[PDB]
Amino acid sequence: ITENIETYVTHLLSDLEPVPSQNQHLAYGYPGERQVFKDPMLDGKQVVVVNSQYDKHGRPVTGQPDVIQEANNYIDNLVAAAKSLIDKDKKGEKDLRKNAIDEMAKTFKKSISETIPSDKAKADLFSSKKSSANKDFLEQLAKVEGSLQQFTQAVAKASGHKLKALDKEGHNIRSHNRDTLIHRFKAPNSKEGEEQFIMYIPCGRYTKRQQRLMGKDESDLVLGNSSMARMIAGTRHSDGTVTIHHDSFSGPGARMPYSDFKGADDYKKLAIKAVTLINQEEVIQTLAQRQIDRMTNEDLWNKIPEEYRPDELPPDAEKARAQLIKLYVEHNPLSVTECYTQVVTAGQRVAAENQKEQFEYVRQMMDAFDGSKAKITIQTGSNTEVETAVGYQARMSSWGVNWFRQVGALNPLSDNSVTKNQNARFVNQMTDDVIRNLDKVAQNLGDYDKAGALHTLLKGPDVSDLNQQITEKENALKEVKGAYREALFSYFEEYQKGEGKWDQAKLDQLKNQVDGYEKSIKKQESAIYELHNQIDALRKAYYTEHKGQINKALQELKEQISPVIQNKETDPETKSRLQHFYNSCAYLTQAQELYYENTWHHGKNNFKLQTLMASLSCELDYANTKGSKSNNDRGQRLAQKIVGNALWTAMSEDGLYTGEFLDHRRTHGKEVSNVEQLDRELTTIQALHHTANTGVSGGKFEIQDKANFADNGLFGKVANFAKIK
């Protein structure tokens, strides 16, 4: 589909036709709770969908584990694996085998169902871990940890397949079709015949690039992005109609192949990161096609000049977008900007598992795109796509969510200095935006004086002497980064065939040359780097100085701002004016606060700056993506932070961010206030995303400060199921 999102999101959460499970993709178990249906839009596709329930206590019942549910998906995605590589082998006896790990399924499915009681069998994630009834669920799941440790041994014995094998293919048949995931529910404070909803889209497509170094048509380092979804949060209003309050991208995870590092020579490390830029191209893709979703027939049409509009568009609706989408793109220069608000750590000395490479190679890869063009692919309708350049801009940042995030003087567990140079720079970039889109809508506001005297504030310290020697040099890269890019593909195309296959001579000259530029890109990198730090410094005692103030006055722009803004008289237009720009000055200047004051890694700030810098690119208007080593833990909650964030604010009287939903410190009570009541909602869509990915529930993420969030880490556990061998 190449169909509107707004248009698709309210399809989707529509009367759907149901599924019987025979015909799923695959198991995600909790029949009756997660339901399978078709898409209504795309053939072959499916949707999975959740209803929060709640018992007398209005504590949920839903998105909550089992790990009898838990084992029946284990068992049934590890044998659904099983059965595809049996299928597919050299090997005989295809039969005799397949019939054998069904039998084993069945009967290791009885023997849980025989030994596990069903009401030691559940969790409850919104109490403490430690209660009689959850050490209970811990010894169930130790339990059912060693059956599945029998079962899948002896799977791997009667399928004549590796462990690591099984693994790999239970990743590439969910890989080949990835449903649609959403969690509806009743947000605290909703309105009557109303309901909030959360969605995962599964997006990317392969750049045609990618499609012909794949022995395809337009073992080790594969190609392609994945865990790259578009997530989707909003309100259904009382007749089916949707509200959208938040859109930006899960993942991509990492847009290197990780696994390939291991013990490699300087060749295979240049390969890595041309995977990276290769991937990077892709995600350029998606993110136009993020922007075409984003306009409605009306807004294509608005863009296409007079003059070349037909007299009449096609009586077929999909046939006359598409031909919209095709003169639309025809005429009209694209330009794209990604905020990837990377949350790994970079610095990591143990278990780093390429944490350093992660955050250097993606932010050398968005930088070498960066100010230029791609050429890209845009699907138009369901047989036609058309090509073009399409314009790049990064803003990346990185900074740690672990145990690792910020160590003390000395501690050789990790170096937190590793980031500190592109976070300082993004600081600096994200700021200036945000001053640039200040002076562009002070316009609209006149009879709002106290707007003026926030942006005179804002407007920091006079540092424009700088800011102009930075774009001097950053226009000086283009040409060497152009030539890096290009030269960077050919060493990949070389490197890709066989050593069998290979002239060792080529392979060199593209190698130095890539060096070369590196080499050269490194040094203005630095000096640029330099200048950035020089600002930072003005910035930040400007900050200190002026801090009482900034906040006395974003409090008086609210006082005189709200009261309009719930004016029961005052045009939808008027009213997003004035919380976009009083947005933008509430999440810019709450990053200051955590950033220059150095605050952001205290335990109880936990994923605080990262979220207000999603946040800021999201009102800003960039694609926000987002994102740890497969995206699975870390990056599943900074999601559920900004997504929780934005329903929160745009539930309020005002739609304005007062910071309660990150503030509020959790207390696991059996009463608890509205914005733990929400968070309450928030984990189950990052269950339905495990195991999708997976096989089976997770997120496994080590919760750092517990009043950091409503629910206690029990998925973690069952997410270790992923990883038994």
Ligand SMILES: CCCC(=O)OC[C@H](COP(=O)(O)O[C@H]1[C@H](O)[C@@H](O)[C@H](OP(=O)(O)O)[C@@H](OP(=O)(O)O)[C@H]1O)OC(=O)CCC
Second form
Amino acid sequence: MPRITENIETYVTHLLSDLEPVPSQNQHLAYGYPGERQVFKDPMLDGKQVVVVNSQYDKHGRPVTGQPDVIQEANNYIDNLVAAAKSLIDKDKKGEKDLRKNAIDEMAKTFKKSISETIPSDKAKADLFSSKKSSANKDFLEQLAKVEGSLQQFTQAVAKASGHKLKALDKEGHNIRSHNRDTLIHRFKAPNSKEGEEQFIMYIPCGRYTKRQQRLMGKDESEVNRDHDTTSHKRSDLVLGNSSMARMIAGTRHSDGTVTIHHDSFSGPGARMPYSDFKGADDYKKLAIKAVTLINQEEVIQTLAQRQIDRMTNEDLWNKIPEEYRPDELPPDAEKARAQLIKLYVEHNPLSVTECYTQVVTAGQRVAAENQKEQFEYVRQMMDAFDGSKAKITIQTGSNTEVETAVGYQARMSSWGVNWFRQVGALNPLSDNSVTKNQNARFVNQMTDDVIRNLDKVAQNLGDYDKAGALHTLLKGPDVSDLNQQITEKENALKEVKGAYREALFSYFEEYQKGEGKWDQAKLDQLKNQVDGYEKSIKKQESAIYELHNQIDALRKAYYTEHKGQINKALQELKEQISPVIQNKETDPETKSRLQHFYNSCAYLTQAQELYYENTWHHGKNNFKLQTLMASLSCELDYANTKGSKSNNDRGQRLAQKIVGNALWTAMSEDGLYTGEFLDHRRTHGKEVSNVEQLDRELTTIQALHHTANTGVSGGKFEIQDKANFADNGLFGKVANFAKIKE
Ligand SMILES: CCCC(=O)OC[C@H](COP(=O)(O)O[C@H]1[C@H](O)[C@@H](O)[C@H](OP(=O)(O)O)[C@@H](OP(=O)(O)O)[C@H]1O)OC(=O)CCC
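Now show me the form deposited with this ligand bound, since the one above was the form solved without this ligand.
And the full complex, kicking off with our chain again.
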């Protein structure tokens, strides 16, 4: 029931050992692909499970694992729907239960045999790395269509036996599926993986409710274990909690079983609000949605703070407990000692957290909007509602213990879409490009200052390297603090108002929860009118702030175009001087990372400035580049990177794929310095491909397990806008559709 309370490095190290195998009858969920997708018990949490895939290859070095097989997905669909139907007919008012269930089985048993019998095992599989119009993939599509039709009949029939509509059946799958989410792991040798080492990627589930959330779901306050795995589509009736949210970790396992961790951030969450509830909603119900997204933002704050704690070793924690409050001796028990160490760590240490949310929805889209504009506006309103302030979080210290604290919160948010509508021709009615023009402008300002203020900080110090200092001089951009100042005065003026606004909004939601029968109308109108007052007020002030930001944007652009050519030369010179030092084995481990961090931090900014100021980020061949570079940056500055789309299954995942690939590709070079190669390479899908292509090929495996975990079936169905950006050819998106089908 508990979320991780141990040190992350330690938890990962255990997750990669020998674990206890789990029998099929005991899995929480059907993953298919026996012998590929193996299932074990979590080495620490009792009742928790883990899925692990190892890459395996054919004679040509092409991956055999992580390929769609129609039979297997069909199995998953059946199995995963059967569970849903059972659950549903278990909890309903009607009788006949066992007769209903026993029938569903009979039907499932026969549908499997029908499939295995009509679908040639050899034609059942796809190659992701060839072309979809090849004879083999064309045979695969043929079987898929056939199979789709049967799962249609299968479900039509399960609806009828169970006595439940499809809509309910889907709804319930999302309910039960989001309870015991398994850890998902993929191991494989990256290109150039040293002798007897392996790389790995894992998604660790991480939702825990906040106290407020707990009280409101009407459950018991004094519970330390507040688990949930809310799925991509569990957003129906003012539900609380974040959806589709995982800790994402990538590293290498050394020959002695220890672990270097190269990447550590969040996959998710999807939409922070229960988007379903917009459907013909009045202004009263919209405001409630707003409150909810606020209530989930405070859970995000809690989650980032748990993550900081667990990125800290027991020495780390001890080093931050001032000498005079350290206990005489630690407790004998590994666990109860860490518990005490976190408690004391927290008690005596102001904590704060920085979220960098790289959103990937297209906020301005005008058709099948799917309320994407709110998903932008509302989340940005609320990350900002909390920016520069404190939230009462709880930190879980042991399996039975927690503590309370304020955590400070700083927010950074971008929104650059990634789909066909991401940028649209002038006058094109299909989408409003400028819905996010202001925010992104702002974001780019904040993130540059952050780096600047970070450079000046370590710039002064390491000066036995002089191309560093000149680079520094240039990145400084233009003198702009005249305007920055005004910005930070006005941001400060905003803080008190935001706080009242939050309390008012929490308050409002508290009444609205009761319902029309129990609402007190007078109180409700009071509460609403309070909020909008504050809102109107903030909005006005926020408007003024952007103007000053756009004034800066005008200025920084001007600067870039002039200095682009200089800067990249001066970037290149810094490479030239730094690298040699880096490979050299006498240089200590500490100085080296300060070089790496300085250089990469700079490389990311410049390469983002290019795409942003020249407005090229949207060109097909650059599709995910600006977002990935910004997120990679936020990881350099040690921020927590949250990223995603609406349900974080399709767009949110390919972004993650790029962020991790680049992370690994960079961490395994002779040097550790980002070279853009992983982003820039044009994947050819040939039979002989480059090393980055060979690595890109590995990355869709974890996406598919993630997808199964949310939906019951493999996938991700992002419509690729330029084939050169990816090693795979989309084919899991066909199976991805199984979840979709409805009568
Ligand atoms: C060919 C079908 C035409 C259509 O329906 O129009 C909208 C959609 C825009 O595509 P998108 O924004 O890449 O797709 C959405 C997609 O439209 C939407 O279905 C997805 O939500 P859901 O399926 O998980 O509920 C959402 O999932 P993520 O939130 O990114 O995981 C995306 O896959 O597709 C297009 O390509 C239109 C271009 C002409």
